[PDB]
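Spelled out, the chains give:
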Amino acid sequence: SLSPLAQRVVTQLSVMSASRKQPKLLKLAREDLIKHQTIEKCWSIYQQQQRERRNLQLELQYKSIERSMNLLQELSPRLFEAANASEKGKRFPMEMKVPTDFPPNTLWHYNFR
Amino acid sequence: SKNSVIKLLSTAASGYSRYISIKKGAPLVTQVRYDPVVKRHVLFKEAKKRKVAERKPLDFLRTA
Amino acid sequence: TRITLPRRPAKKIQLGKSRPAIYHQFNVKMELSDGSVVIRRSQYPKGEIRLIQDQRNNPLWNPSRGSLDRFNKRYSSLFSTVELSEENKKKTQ
Amino acid sequence: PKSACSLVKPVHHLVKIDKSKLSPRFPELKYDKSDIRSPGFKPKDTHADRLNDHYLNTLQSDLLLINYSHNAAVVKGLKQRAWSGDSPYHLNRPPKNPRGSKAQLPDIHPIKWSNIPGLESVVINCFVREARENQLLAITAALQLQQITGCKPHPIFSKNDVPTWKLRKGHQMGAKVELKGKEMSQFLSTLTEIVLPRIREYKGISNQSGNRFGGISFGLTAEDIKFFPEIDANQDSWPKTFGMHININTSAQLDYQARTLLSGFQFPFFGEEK
Amino acid sequence: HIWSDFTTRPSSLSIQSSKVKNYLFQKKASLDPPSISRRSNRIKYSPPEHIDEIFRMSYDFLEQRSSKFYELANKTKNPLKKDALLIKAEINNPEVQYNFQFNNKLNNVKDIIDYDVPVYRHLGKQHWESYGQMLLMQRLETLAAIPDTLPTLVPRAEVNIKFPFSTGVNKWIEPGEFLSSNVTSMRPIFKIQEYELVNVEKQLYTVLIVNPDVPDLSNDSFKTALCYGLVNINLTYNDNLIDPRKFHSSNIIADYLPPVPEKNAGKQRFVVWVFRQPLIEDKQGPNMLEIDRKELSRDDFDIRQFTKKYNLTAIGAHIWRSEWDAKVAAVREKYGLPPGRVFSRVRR
Amino acid sequence: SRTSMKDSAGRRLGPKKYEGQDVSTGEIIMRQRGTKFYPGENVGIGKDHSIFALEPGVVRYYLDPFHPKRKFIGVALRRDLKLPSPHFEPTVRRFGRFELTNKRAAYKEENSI
RNA sequence: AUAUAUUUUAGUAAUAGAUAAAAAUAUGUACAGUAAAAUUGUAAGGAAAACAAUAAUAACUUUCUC
RNA sequence: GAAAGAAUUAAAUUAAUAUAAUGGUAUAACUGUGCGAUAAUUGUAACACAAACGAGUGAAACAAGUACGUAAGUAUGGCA
Ligand SMILES: [Mg+2]
Ligand SMILES: [Mg+2]
Ligand SMILES: [Mg+2]
Ligand SMILES: [Mg+2]
Ligand SMILES: [Mg+2]
Ligand SMILES: [Mg+2]
Numbered sequence: 034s035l036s037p038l039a040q041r042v043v044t045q046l047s048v049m050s051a052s053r054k055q056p057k058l059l060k061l062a063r064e065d066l067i068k069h070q071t072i073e074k075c076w077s078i079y080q081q082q083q084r085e086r087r088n089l090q091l092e093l094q095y096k097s098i099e100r101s102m103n104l105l106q107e108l109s110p111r112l113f114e115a116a117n118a119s120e121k122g123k124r125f126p127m128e129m130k131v132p133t134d135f136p137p138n139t140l141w142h143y144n145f146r
Numbered sequence: 006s007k008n009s010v011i012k013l014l015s016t017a018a019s020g021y022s023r024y025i026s027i028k029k030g031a032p033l034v035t036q037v038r039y040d041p042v043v044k045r046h047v048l049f050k051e052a053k054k055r056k057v058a059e060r061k062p063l064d065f066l067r068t069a
Numbered sequence: 020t021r022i023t024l025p026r027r028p029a030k031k032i033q034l035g036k037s038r039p040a041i042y043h044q045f046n047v048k049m050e051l052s053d054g055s056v057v058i059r060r061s062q063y064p065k066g067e068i069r070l071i072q073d074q075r076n077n078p079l080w081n082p083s084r096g097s098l099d100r101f102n103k104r105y106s107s108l109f110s122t123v124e125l126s127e128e129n130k131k132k133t134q
Numbered sequence: 019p020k021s022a023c024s025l026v027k028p029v030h031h032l033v034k035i036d037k038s039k040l041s042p043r044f045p046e047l048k049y050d051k052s053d054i055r056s057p058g059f060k061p062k063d064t065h066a067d068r069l070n071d072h073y074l075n076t077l078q079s080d081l082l083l084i085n086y087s088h089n090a091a092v093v094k095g096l097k098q099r100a101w102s103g104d105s106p107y108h109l110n111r112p113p114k115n116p117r118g119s120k121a122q123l124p125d126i127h128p129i130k131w132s133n134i135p136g137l138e139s140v141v142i143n144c145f146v147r148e149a150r151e152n153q154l155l156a157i158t159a160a161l162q163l164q165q166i167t168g169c170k171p172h173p174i175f176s177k178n179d180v181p182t183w184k185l186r187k188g189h190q191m192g193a194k195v196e197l198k199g200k201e202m203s204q205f206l207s208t209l210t211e212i213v214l215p216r217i218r219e220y221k222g223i224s225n226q227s228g229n230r231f232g233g234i235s236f237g238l239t240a241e242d243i244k245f246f247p248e249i250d251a252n253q254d255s256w257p258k259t260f261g262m263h264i265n266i267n268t269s270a271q272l273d274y275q276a277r278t279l280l281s282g283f284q285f286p287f288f289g290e291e292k
Numbered sequence: 020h021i022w023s024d025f026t027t028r029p030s031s032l033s034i035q036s037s038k039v040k041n042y043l044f045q046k047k048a049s050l051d052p053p054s055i056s057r058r059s060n061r062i063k064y065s066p067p068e069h070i071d072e073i074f075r076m077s078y079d080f081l082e083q084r085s086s087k088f089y090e091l092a093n094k095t096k097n098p099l100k101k102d103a104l105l106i107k108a109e110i111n112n113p114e115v116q117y118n119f120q121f122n123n124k125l126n127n128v129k130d131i132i133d134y135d136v137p138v139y140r141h142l143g144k145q146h147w148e149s150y151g152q153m154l155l156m157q158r159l160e161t162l163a164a165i166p167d168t169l170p171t172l173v174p175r176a177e178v179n180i181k182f183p184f185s186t187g188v189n190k191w192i193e194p195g196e197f198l199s200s201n202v203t204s205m206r207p208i209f210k211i212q213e214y215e216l217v218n219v220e221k222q223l224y225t226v227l228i229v230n231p232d233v234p235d236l237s238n239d240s241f242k243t244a245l246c247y248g249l250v251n252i253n254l255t256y257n258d259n260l261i262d263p264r265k266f267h268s269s270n271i272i273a274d275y276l277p278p279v280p281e282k283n284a285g286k287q288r289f290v291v292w293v294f295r296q297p298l299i300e301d302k303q304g305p306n307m308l309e310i311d312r313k314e315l316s317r318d319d320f321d322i323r324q325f326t327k328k329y330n331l332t333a334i335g336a337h338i339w340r341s342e343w344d345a346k347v348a349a350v351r352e353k354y355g356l357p358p359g360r361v362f363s364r365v366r367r
Numbered sequence: 035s036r037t038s039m040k041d042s043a044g045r046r047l048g049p050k051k052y053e054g055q056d057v058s059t060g061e062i063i064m065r066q067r068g069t070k071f072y073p074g075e076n077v078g079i080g081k082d083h084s085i086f087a088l089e090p091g092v093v094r095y096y097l098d099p100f101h102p103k104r105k106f107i108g109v110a111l112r113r114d115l116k117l118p119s120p121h122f123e124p125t126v127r128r129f130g131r132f133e134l135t136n137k138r139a140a141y142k143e144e145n146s147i
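Protein chains in written order, with PDB author numbering: chain 2, 34 to 146; chain X, 6 to 69; chain V, 20 to 84, 96 to 110, 122 to 134; chain E, 19 to 292; chain 1, 20 to 367; chain R, 35 to 147.
Note that these hints are calculated values from the structure, not bench results. Beta carbons are placed, not taken as given, at the ideal position from N, Cα and C, and that holds for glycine. Be careful, since some hints might not be right.
[As the list claims (entries may be wrong)] One-sided excerpt, in silico: chain R residues whose CB lies under 10 Å from chain E:
hint, residue
1, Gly-68
2, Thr-69
3, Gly-78
4, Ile-79
5, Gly-80
6, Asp-82
7, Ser-84
8, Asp-98
9, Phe-100
10, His-101
11, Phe-122
Construct the entire structure; sequences and hints are all you get.
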């Protein structure tokens with residue numbers, strides 16, 4: 034009927050498939066449904082607020098940069114030129130790592146190079 | 006001969022019958038059409054017998 | 020010639036009744052080369068893993084911070122620089 | 019059929035008739051997939067995404083600061099040119115195609131607080147070419163992909179036909195999977211930390227790699243996939259293993275911006291940039 | 020805690036069921052849902068875990084937001100803006116959501132869903148837009164009741180009709196239905212549910228049922244026929260069922276003549292239109308209007324011309340459509356209309 | 035020798051009825067291969083894209099702003115009407131039947147169901 | 001922990017989306033959508049296998065916010 | 001100021017159309033999908049086109065029944 038390789042392929046396929054592995058549908062009572070809706074809506078609102086806060090902050094930073102660069106242009110042309118360069122190949126430093134869940138054994142390195 | 010002619014005879018026993026063409030080894034062709042003797046849509050079935058290209062009956066019940 | 024798994028009749032998922040594939044996943048703790056632990060969701064059943072070779076001990080990811099090995103092991107009593126100076130006369134070439 | 023003439027009749031009102039809602043056929047389908055009452059419901063925002071949080075906090079501000087060019091105006095792309103009306107044959111003529119290209123190119127905007135570059139989507143294309151002989155290899159590749167991602171793969175089929183490579187048309191051959199949001203972020207984090215350090219001699223992603231507009235890519239060999247922890251935990255379950263292409267799609271206007279963004283997430287870049 | 024206060028706020032914003040309210044607001048998931056009436060089913064049921072504390076937090080968050088909105092709402096002077104503020108404050112209230120979703124909107128009980136309350140009215144409007152309004156629009160366009168009678172419609176009020184007096188059965192007519200001559204023998208009952216903010220005391224309404232498809236053999240075309248005409252009707256958000264109780268004999272500009280389609284004349288559209296009156300400033304009370312009853316004719320009726328004359332704006336519509344059956348002759352006889360014509364089966 | 039001496043006849047595919055021309059129900063206004071002209075007001079279209087009159091009237095060729103880049107043939111019910119008819123005005127309809135003044139005929143018609 | 005009995009599971013097989021230019025039901029109807037080429041890339045991949053990306057947002061509605 | 005939606009504009013019929021070539025087709029006639037598998041049904045067909053006759057073509061309408069569609073309606077085989 035089937036080889037051992039064929040069997041193992043079928044098993045692998047099954048791992049991915051939804052055939053006889055999935056539970057019943059999540060039914061709720063009307064009160065429960067409402068509670069869920071209120072949880073979700075509030076959360077969504079909170080997320081929107083956070084986005085606006087961050088977005089606003091970014092806008093403020095941009096405005097400050099603009100204000101700075103105009104001033105620099107007014108005062109010292111050479112300094113302005115130096116500031117406003119193409120940073121095409123700018124690379125973030127490899128020490129600035131993505132913050133983990135829990136910290137390492139040695140928290141901070143005081144010596145380098 | 007690739008496409009043969011057949012006679013579909015009405016199931017409501019009027020005697021009315023309609024003729025159609027099929028491929029030589031096509032499945033048994035039953036169709037519901039108007040029977041004017043009875044004045045309604047009835048089943049038509051092949052009056053004669055003939056050989057068919059035997060397809061394997063696809064199994065929905067997961068075998069073995 | 021072509022090796023295949025021959026298909027059965029497909030099961031009709033009705034419109035609206037299609038359900039998203041939520042695979043069974045465990046919360047797995049990865050301890051990296053150093054003691055920094057990180058939680059990640061994973062399909063294989065293992066609550067804890069500790070890694071040997073990671074970005075946190077690779078020189079490319081932190082610049083600021096086995097035949098040769100075999101040779102070192104089995105010529106260890108001799109201790110093999123001074124040795125280079127001894128065995129490097131540059132007249133013959 | 020009395021005719022094939024398609025011709026949508028005009029209306030006498032501005033109300034937008036959603037035809038789906040007027041039926042009673044698919045009552046489960048009227049609910050959005052986000053809604054709990056739909057069978058298509060899935061918990062989306064299950065836990066705090068770490069890479070995304072990092073981007074929000076540290077990187078995004080830094081990226082904005084990098085990309086500020088003073089009084090930078092919009093750079094319009096190559097577009098379809100109109101004809102000068104110096105002849106009456108120009109009068110209903112289609113426009114001249116773009117200068118260099120056949121297809122039109124997009125406008126490059128100055129980076130401000132709104133349009134800072136960020137990760138949009140990852141796609142993991144795995145086309146196993148031995149599966150022209152063995153269909154089961156495609157299945158194994160798809161499983162591997164699923165294991166790696168925690169996301170449902172989609173089967174790739176042979177779209178073309180060719181004799182030199184023993185390839186038919188309409189044959190299942192490997193799989194793909196578009197990751198988005200938190201799963202994608204996790205996959206990137208795994209790539210940065212676990213897998214790409216265990217490749218022995220890897221300098222980086224090439225600086226000559228990428229789209230012209232905010233898309234960067236690279237690929238992993240069958241040797242490299244054995245470092246993924248789902249694969250890594252058991253060598254025995256995976257005798258065979260398949261390479262893959264990894265298309266990273268950013269919200270970057272240009273490719274150097276996208277490269278910079280990826281560097282922020284600890285992706286090393288080695289080659290000479292364009 | 021603004022949503023627990025009911026000093027200034029209406030009673031309708033609360034849930035009237037006590038058990039349901041208790042279930043909503045508890046400190047642990049101990050109680051079982053009032054919705055599940057059966058004991059065995061309650062036993063079987065299991066709500067999702069951790070739902071209570073999070074729900075409480077969400078309530079607090081949205082309650083705070085509502086309170087903040089109310090701080091603005093009371094300072095506001097202009098009425099539409101104030102209403103919008105009120106809506107914003109209370110729309111995310113769980114109790115009002117429960118009330119609206121799970122109790123009838125058509126024949127709303129005032130204590131549960133009060134359409135005097137702005138939030139509930141907004142909810143009702145949204146519900147109407149989701150399905151019933153779209154359906155009505157489709158039936159107007161497909162049947163060709165808009166351009167044939169009255170150019171366009173901008174649906175504002177939800178209009179539902181009924182024929183209670185003829186047969187006995189209770190049924191709200193779905194737009195574009197085929198009703199028997201027995202069903203539509205006696206007059207209908209309207210319900211004009213208004214969702215916009217409008218002056219309830221001043222605003223009057225007119226209702227016109229028009230039959231565009233009565234055949235005129237001189238013209239070799241059709242003509243309109245005003246089958247039923249009411250004017251100067253007073254609506255209120257909750258008190259809105261236009262019945263012989265409400266309107267007086269003075270309000271009837273053309274009293275109900277039934278659908279009596281001729282044999283082979285075809286299917287006849289009867290499309291009720293609901294207009295609101297023009298509102299005059301510097302005049303307290305409801306501004307009436309006089310109709311020249313000799314000028315307007317029933318056997319031929321320019322609806323558009325009439326609208327132009329009295330400066331009406333069509334807010335709502337509904338439509339049924341009648342064709343010939345055996346009982347139309349009986350209906351004619353009852354009303355004292357003539358025998359009724361019979362046309363050739365072929366449209367030659 | 036070998037000669038290419040073979041060809042089908044011309045399909046008579048002009049306009050069979052012209053602007054301002056009186057028509058009757060069923061009459062073919064256009065024969066064509068594909069919709070060069072689209073079926074306009076009071077006009078049908080056949081299997082061979084043949085425009086035919088649904089009603090008695092006046093054949094009119096026109097453009098409609100609703101369908102730009104499309105020519106139309108329709109049938110105006112009189113000569114007075116500009117057949118790209120006004121959109122929000124009511125549709126000019128033909129009753130097209132006659133009442134059975136004859137008593138017997140009317141009775142027969144009443145009987146027939 | 002172990003024995004018997006009575007059951008229950010394991011037949012492990014793909015679509016999870018009204019799917020949308022790999023292949024497959026070529027006539028009806030209902031609902032919905034848009035192709036191709038060329039270009040820039042990417043593990044074996046090379047002119048030629050697969051996947052990604054490549055025209056413009058003025059006005060409008062809703063949501064959050066200064 | 002931002003997010004989402006509705007979308008609109010430009011371009012396109014160079015792909016695709018069971019099949020030649022031509023005309024048509026994105027408002028899609030092309031493609032996907034649910035139901036279905038019925039209208040690839042039954043009697044009368046006027047009136048046109050074409051046309052020596054024999055034939056050929058489009059087809060309103062009337063009547064019987066069927067399938068899909070919330071409805072409007074559509075279907076008397078296939079874009080021609
Ligand atoms: Mg020719
Ligand atoms: Mg062509
Ligand atoms: Mg002639
Ligand atoms: Mg002849
Ligand atoms: Mg077709
Ligand atoms: Mg075809």
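Worksheet entry | Closest C-beta approach of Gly-80 (chain R) to chain E relative to 10 Å, hint status | Holds. Min distance 6 Å.
Discussion item. Please check whether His-101 (chain R) passes as an interface residue: C-beta within 10 Å of a C-beta belonging to chain E.
Written reply: holds, 7 Å
Worksheet item: Does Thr-69 (chain R) pass the interface check with chain E, least Cβ-Cβ distance below 10 Å?
Response: The hint holds - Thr-69 (chain R) has a Cβ within 10 Å of chain E, the shortest such distance being about 5 Å.
Practice prompt. Double-check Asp-98 (chain R) for me: the hint is only fine if its C-beta lies closer than 10 Å to a C-beta in chain E.
Written response: holds, 8 Å
Worksheet item: Can we keep the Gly-68 (chain R) interface hint, with Cβ of chain E closer than 10 Å?
Response: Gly-68 (chain R) check passes; min Cβ-Cβ to chain E is 9 Å, inside 10 Å.
Worksheet entry | When the least beta-carbon distance from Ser-84 (chain R) to chain E is tested against 10 Å, hint result | Given a least distance of 9 Å, the restraint on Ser-84 (chain R) holds.
Fill in: Hinted contact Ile-79 (chain R) with chain E - closest CB pair below 10 Å
At 5 Å from the nearest chain E Cβ, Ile-79 (chain R) passes the 10 Å test, so the hint holds.
Fill in: Hint status (Cβ of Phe-122 (chain R) to nearest Cβ of chain E, threshold 10 Å)
holds, 6 Å
Fill in: Hint check, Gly-78 (chain R) versus chain E [nearest Cβ-Cβ separation less than 10 Å]
holds, 8 Å
Practice prompt. Double-check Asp-82 (chain R) for me: the hint is only fine if its C-beta lies closer than 10 Å to a C-beta in chain E.
Written response: This interface hint holds because 9 Å falls under the 10 Å limit.
Worksheet entry | Minimum beta-carbon distance criterion (10 Å), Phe-100 (chain R) to chain E | holds, 4 Å
No hint from the list above goes unmet by this structure.
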